[PDB]
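What you see is the complex with one protein chain gone and the rest in place.
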Amino acid sequence: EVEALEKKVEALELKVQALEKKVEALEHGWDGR
Amino acid sequence: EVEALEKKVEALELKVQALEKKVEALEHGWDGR
Partner (left out) sequence: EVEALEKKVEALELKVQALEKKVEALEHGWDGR
């Protein structure tokens, strides 16, 4: 159970990081995004 | 404890999915968004 929750949490960390990069690019207009 | 953390994690999965849909719509201009 705990090891599987570790997996889900790390998967969420990656998804959140990807969202952060995309949202920062939209906010700041990076490379015309 | 573990069952409650499962709940928090699934709640985060849904919030992240909703954010992904919204960010993809902004990036791609879906339906004029």
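To keep things simple, chains are lettered A and B as they appear, and every chain counts its residues starting from 1.
In the analysis below, a contact is a pair of C-beta atoms (placed from the backbone, for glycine too) under 8 Å apart; a residue touches a chain by one contact, two chains touch by 3 or more.
Although one chain is not displayed, its contacts with chain A can still be listed: residues 2, 5-6, 9, 12-13, 16, 19-20, 23, 26-27. The chain not displayed touches chain B at residues 1-2, 5, 8-9, 12, 15-16, 19, 22-23, 26, 33.
One rule holds for everything that comes next: only the chains that are shown with their structure count from here on.
The distance from the centre of chain A to the centre of chain B, with each centre set as the mean of the Cα atoms, comes to 10 Å.
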